[PDB]
Amino acid sequence: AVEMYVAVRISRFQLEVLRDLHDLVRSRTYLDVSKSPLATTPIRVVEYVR
Amino acid sequence: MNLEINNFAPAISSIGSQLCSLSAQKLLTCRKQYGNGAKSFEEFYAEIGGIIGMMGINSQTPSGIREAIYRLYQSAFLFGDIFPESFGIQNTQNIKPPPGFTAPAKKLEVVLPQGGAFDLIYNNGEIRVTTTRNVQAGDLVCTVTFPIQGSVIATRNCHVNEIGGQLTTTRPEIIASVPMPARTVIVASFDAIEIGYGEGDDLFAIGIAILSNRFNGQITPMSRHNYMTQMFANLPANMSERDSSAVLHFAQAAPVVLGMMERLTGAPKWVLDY
Amino acid sequence: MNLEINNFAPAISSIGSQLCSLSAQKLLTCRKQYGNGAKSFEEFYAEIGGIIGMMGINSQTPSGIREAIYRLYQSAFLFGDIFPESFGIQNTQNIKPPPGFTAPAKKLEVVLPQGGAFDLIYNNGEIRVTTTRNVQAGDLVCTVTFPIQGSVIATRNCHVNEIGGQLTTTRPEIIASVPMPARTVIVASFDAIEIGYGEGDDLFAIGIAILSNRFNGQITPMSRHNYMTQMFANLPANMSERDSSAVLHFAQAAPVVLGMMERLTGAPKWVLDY
Amino acid sequence: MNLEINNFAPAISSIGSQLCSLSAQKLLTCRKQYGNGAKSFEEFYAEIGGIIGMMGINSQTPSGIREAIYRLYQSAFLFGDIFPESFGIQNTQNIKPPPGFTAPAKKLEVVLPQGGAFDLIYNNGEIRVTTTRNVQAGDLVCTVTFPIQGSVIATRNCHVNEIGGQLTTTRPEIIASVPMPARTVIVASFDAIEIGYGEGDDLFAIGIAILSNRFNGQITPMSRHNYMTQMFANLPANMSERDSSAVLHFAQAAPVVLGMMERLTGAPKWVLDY
Amino acid sequence: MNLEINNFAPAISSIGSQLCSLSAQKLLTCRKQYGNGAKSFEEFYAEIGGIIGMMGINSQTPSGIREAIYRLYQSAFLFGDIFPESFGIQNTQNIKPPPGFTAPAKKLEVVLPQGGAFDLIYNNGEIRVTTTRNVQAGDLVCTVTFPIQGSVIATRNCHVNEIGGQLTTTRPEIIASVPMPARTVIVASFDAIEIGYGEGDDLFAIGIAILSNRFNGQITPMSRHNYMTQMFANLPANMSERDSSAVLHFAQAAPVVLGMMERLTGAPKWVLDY
Amino acid sequence: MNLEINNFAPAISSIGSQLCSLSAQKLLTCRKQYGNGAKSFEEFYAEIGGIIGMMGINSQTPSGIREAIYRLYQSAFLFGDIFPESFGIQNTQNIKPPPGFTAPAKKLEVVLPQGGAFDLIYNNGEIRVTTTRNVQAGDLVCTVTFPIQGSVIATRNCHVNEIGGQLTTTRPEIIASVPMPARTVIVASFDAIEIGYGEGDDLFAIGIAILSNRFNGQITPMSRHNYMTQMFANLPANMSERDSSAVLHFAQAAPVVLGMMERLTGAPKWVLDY
Amino acid sequence: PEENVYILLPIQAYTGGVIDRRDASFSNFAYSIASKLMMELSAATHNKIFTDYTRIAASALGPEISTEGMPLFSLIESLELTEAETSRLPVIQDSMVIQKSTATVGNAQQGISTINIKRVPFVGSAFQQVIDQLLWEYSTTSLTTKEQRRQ
Amino acid sequence: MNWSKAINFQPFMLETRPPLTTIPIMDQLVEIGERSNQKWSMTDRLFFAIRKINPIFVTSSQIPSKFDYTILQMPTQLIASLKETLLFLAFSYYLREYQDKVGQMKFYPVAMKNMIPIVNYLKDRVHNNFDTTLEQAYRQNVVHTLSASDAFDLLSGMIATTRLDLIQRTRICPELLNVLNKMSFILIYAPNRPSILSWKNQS
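Protein chains in written order, with PDB author numbering: chain E, 805 to 854; chain Z, 1 to 274; chain V, 1 to 274; chain S, 1 to 274; chain C, 1 to 274; chain B, 1 to 274; chain U, 102 to 252; chain G, 1 to 203.
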């Protein structure tokens with residue numbers, strides 16, 4: 805009713821259908837700070853010990 | 001069919017089998033979502049389907065998975081020794097066990113001992129030999145060179161090592177049980193499973209041609225049984241039974257997946273559930 | 001069994017197979033959520049067994065799916081006048097390929113030549129003929145009428161067109177290769193797959209009686225092999241081999257699903273994975 | 001093999017089959033998302049492969065599942081008529097049908113009149129007997145004890161109750177059709193299915209050894225066919241054909257799951273889809 | 001090989017040739033700018049190589065162009081009387097001349113008179129006949145059925161209509177010029193071009209199989225020369241030489257472009273420069 | 001010639017061919033805009049014919065391209081199996097396909113069976129042998145060592161495998177079909193294409209001298225056909241057709257480009273459109 | 102829409118595009134979208150590495166598990182799960198363990214180092230997985246350790 | 001698989017087009033015929049209309065044709081009747097609303113039986129009345145003297161397709177359904193039954 809005599813339509817669509825609830829889990833990568841922490845200071849030469 | 005398998009084959013095969021299983025799963029998922037219409041199923045598969053999230057393979061086209069399989073197969077079974085990291089494949093000892101073999105043994109392979117004492121004929125699941133001369137009980141007549149496993153049925157005029165109906169060894173040898181004169185015949189039948197997989201023979205027939213048109217100097221079209229026997233006879237001597245299965249799974253899955261990508265039918269269970 | 005296949009059979013089959021697949025997928029979901037409560041499984045399935053979003057199924061009960069299956073089967077294989085009006089058989093321009101056949105060819109159909117020079121007997125997977133009169137080498141002795149494909153297990157005193165252990169054509173012809181007088185015998189065995197699907201043989205047995213009770217004047221109970229032979233023989237000659245696969249897939253999917261809805265067990269892979 | 005199947009067997013078998021199905025599903029789920037990291041797949045499975053949701057299992061590790069399987073098997077099939085008062089066996093009001101049998105009938109158990117007349121030998125898929133003396137038409141020559149259903153092929157010089165190529169009874173009785181002199185041979189082949197499940201033959205081989213190492217005085221290693229025949233022979237008479245299938249499914253699934261938990265490969269379809 | 005050329009073949013062939021030319025131009029444009037990187041050439045091509053702006057294509061992948069080629073070929077040459085309603089064939093008012101033929105005439109086709117006076121053999125670029133009986137000078141001995149054009153070299157004992165070394169008519173006839181005894185030999189070599197295109201023969205070989213796998217009942221694999229001769233012989237007589245060239249260009253270009261889509265090598269000039 | 005081809009020849013060839021195509025395209029680009037003034041075309045090309053953006057090349061003058069070609073040729077085909085780190089090789093597996101061969105097979109290469117039974121003489125495109133002694137039908141006569149694809153014409157007193165006039169295998173074997181005594185002669189003509197690219201033969205002759213004046217110990221001036229026969233004979237056995245094609249394409253393109261940079265005429269299509 | 106059927110709708114994530122009015126080709130539009138999107142994506146991970154994630158700390162109650170995507174509890178309301186499907190949620194949560202492995206960094210000119218990595222499970226779409234993998238592969242280029250740098 | 005939801009591409013319609021070089025010339029001749037009154041309808045006086053119905057046997061599809069004047073026949077020896085001729089004329093008139101004006105190709109149904117003797121017979125004995133029309137003759141001859149099934153069988157026999165083929169093709173393209181409705185036809189579809197036919201007046 806809110807559409808004209810001429811219709812605007814879509815030929816293709818894409819969506820994901822899952823049959824098992826446990827297929828929603830995926831994986832990502834992170835750095836292990838505990839064993840490979842991020843460096844916080846640059847390398848410097850030794851001078852002015854105090 | 002000449003080919004040189006490297007010792008790093010299990011590492012390549014663990015990746016190839018995963019790629020094949022992912023492609024089969026994507027094919028099934030996009031196959032259940034097709035509505036009959038203007039576009040053929042080939043166009044639908046080539047457009048919305050073929051999208052897999054797998055590291056080390058940066059192609060979401062059917063052709064991309066096709067040449068990933070080509071490269072992995074060429075590295076694993078034809079070039080020779082080659083380190084997996086060279087092609088971006090991480091080489092890791094920790095891998096997954098492949099599914100167990102389900103190929104029914106119809107033409108089991110045996111090798112007669114020297115001296116021409118006996119003559120061998122084949123049947124659907126049994127071997128029958130005839131004695132050309134007199135033979136005394138307690139000597140070999142046949143031995144399977146292709147490993148076999150399963151139950152034994154209808155053993156006549158001969159004896160095999162078995163308990164409860166199950167063959168004790170993977171390579172049983174038949175020994176005459178009572179001396180026989182006058183050119184009689186001894187029959188041994190089996191209900192056993194050989195090396196390979198049974199489901200998906202239609203896809204293999206076209207996949208072997210697909211990958212023989214490329215490696216024509218190495219591979220020729222043949223039946224699945226002959227291909228499995230040639231592949232098994234060429235494995236390196238010093239490798240465990242765990243790595244052999246992993247190699248052979250990819251060795252058989254590459255042709256069937258290449259064929260499945262042509263005829264967009266279903267996929268066997270031993271490919272999907274890896 | 002008399003039956004008349006119309007020209008729109010692939011279109012009807014493409015809807016019937018989808019309906020059967022949807023019904024099978026609903027049963028597996030019901031099995032996982034049963035909960036072993038006061039209601040029986042048959043009572044539980046009756047309330048929640050209806051397909052949703054499927055046009056042309058008026059009822060929300062398995063009775064509606066049964067009626068739809070009856071209508072589609074009757075239109076496709078029995079009467080050319082009737083054509084169902086509530087299903088989307090208007091947008092049937094293209095059809096999805098069915099799963100490949102998996103029925104083992106145990107009893108393979110052959111036709112002897114008009115000469116009467118041979119004797120036909122059958123075995124589990126092989127056929128052999130005895131020669132009534134002396135036969136010159138290099139002539140046809142047998143030819144199959146039910147298409148097969150696969151390897152060849154053992155051929156003696158005969159030759160077939162095969163390369164690498166794989167049959168060339170889907171209708172192999174057995175030709176004598178050596179002169180052979182005085183009532184000889186030639187044996188040929190095949191590791192092949194006939195047209196059809198092996199799993200669900202019990203479900204077919206239950207469903208064929210249900211399907212034949214309604215159409216008593218057209219369909220009678222019989223084995224799956226005879227059913228397939230007659231159905232394939234009744235197909236039109238000038239039809240693409242891709243449509244024949246769809247027709248033969250629906251012709252078996254309908255009885256299997258009919259028998260599945262009565263015995264609430266699982267479904268074959270070739271039905272659910274369409 | 002000595003064992004006593006009590007009257008509560010179906011109730012135990014339902015819980016056992018549910019536990020086995022959940023274990024197999026969890027195994028495939030954790031197999032689908034192994035990251036090939038530092039940890040091996042066996043340790044990953046021992047980490048998460050045993051956490052399934054069901055009341056009664058004391059531990060959330062594969063060892064707990066093994067212990068529960070042992071307890072259920074002992075209570076259901078062995079001399080101990082004890083009740084596992086830990087599982088949800090209060091709400092066992094209704095049970096679910098098990099999947100249909102898929103085991104091919106290669107060796108079929110048969111019994112002679114025993115009067116003393118026919119020599120019987122076994123074949124790959126058929127049987128044949130030779131008349132020691134002359135026999136008149138219409139007398140019993142051989143009957144089967146293991147139930148069987150399927151089509152009939154290669155019926156020569158004998159008669160079977162068959163319409164449309166399909167067997168009419170589950171225990172066919174072979175009778176002589178024509179009087180036969182001079183000690184001729186009659187044959188009968190069957191393309192049928194016996195009691196049991198075909199897929200997963202090796203996993204049964206591992207599991208039967210595992211559980212015979214524990215119940216040494218009751219269970220000994222032995223093939224699947226013989227195991228199923230004895231298990232069927234020990235079933236009580238006052239039991240529905242639906243309950244007997246429930247007992248047999250768990251009887252075969254327990255060894256298969258026990259062997260599957262050690263060889264971390266896939267699972268058979270008849271175990272997963274319960 | 002059976003086929004019926006419809007009466008609107010030039011209009012179909014113009015659209016088909018334009019589509020093939022656009023595909024070739026896109027292939028070479030993508031081929032020139034493929035910088036060696038992470039993706040191989042085929043993933044690069046199968047992603048941007050199918051985006052062609054032309055009426056009738058319902059996809060942006062090479063599968064769409066392949067299916068368009070299939071439909072156009074079936075409508076134009078095969079027995080199917082299906083008119084492609086989605087291309088611009090209905091609105092065509094004029095056609096473009098196709099490139100001139102460049103196929104060398106190595107095996108020129110000749111038909112002997114019914115007398116039986118001569119025996120015909122073949123060489124690289126000539127024919128020669130041997131008289132069986134006395135023949136007087138001034139009568140036909142040979143004539144070409146396949147159109148040819150070019151110069152004449154090394155004629156012996158025969159006269160051909162030519163001025164300045166250039167053949168006069170497109171179907172020259174060979175007549176004796178000297179009364180000769182029986183067993184005399186006469187030759188005629190030609191530096192001419194037959195109907196067809198000489199380049200892209202491997203592509204034709206690998207595309208004729210591609211389009212014969214689909215239209216198995218109508219088209220069988222063969223050489224380019226035989227294919228072109230059959231196409232020319234099946235042309236209707238009421239055809240201008242300008243329309244026949246337009247039909248033949250598409251008839252040869254369809255297999256070439258089909259094989260080009262498989263092996264992503266270059267394209268012949270007569271295809272791209274249409 | 002003496003020369004060793006390493007296992008990484010395809011990787012070097014895929015860079016050499018790209019460099020050759022770039023140089024040829026630049027040559028035509030500069031040839032299109034030549035001012036036609038007081039300066040000759042040689043000075044114009046020497047002033048503006050260089051490539052500025054390719055890694056590996058260290059000069060913007062043509063001499064840089066020449067020196068890069070020298071390095072690549074020496075690395076790929078000569079004794080020193082030196083891997084050029086200066087050019088950037090990232091994947092040794094990715095290889096753009098080269099254009100198909102176009103060289104007509106005039107002097108086909110065949111070897112006699114070694115029985116000293118036939119005499120061999122050559123012609124424009126056919127070989128023909130005369131029997132020295134009596135020969136029976138059905139035995140080998142000749143076989144080709146240089147692979148050939150195409151059609152077959154004028155086959156007399158011999159048999160070759162063919163489908164529709166087209167050769168089946170790339171190395172056809174000629175076997176006699178009739179018992180032929182008394183020093184008869186058989187012929188076999190092929191309208192086929194050998195290995196290499198016929199176009200641009202003038203540039204090859206002038207470039208082979210240029211690159212033999214440098215590698216005089218390994219390369220000598222000769223014809224293109226002999227050069228390609230030896231180059232194909234030196235290919236490793238463990239080499240697919242996809243890789244040997246690239247190796248041979250570079251092997252022919254290097255002399256052609258070297259001679260084209262001296263005589264500033266055009267470039268062949270197979271060099272431009274790589 | 103029904104039991105054991107879960108639909109994951111593709112929601113627009115990026116709205117940056119420029120239609121080619123000249124209509125020359127289609128690859129220009131895709132390149133414009135990709136380039137404009139990567140401009141913004143690279144500006145958010147300039148000098149940062151993905152290190153922080155949400156978790157339940159390991160204890161006697163079990164091993165360390167991840168709660169990283171959208172909470173599993175919200176799916177009960179978002180999907181209208183039945184009481185027989187809610188029972189599967191706790192066993193999914195208890196199965197989201199974290200796996201550890203190693204990755205190699207550095208070129209030949211620098212030093213070949215080794216860094217430890219984690220592979221945590223999250224609940225979400227596969228498109229998010231692909232985007233996050235692209236971000237990780239882009240961010241971890243040109244990394245090295247302090248001892249190789251000192252050498 | 002041969003089937004289309006387009007009316008112009010049905011199996012019973014023939015595509016026609018002049019030779020590709022003479023297309024501009026044939027356009028001028030069609031304008032010449034538009035200047036004269038060279039068009040037949042179902043509403044104009046039958047006395048005038050019957051003067052401009054000249055069916056022509058077709059031997060090739062390369063023939064010029066005008067949308068409001070051409071009706072085609074194939075060379076045959078059978079003789080049509082008055083009812084078949086009226087059914088075919090009504091079919092061809094109501095089938096021309098869907099003709100494709102933009103393109104150079106025209107589609108026309110072919111008449112299996114010869115209608116020339118019937119047209120000449122009718123033309124010999126028609127008077128110049130002010131109210132008789134072709135539609136009136138159709139209504140008096142076909143609708144009021146035949147059942148719907150018999151008239152449908154006659155129409156099916158007047159084109160190549162059989163009765164079952166018309167009933168099947170009517171379901172794919174709605175344009176054919178509208179065309180048949182204009183000819184006062186009604187189709188009722190019920191499960192497990194063949195289709196029944198009725199006139200619009202009795203429904």
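Just so you know, these hints were derived from the structure itself, not from any lab.
Just to be clear, a hint being listed does not mean it is correct.
[Stated by the list, open to error] Simulated pairs of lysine to any residue, SDA-like, Cα-Cα distance not exceeding 25 Å:
#1 B/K106 - C/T102
#2 C/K32 - U/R123
#3 C/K32 - B/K106
#4 G/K66 - G/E175
Against the structure, the hints:
1. B/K106 - C/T102: holds, 19 Å
2. C/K32 - U/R123: It holds: about 23 Å lies between the C-alpha atoms, which stays within 25 Å.
3. C/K32 - B/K106: violated, 32 Å
4. G/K66 - G/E175: Holds - the C-alpha atoms of G/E175 and G/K66 are around 22 Å apart, at most 25 Å.
Consistency note: the structure conflicts with earlier hint 3 alone.
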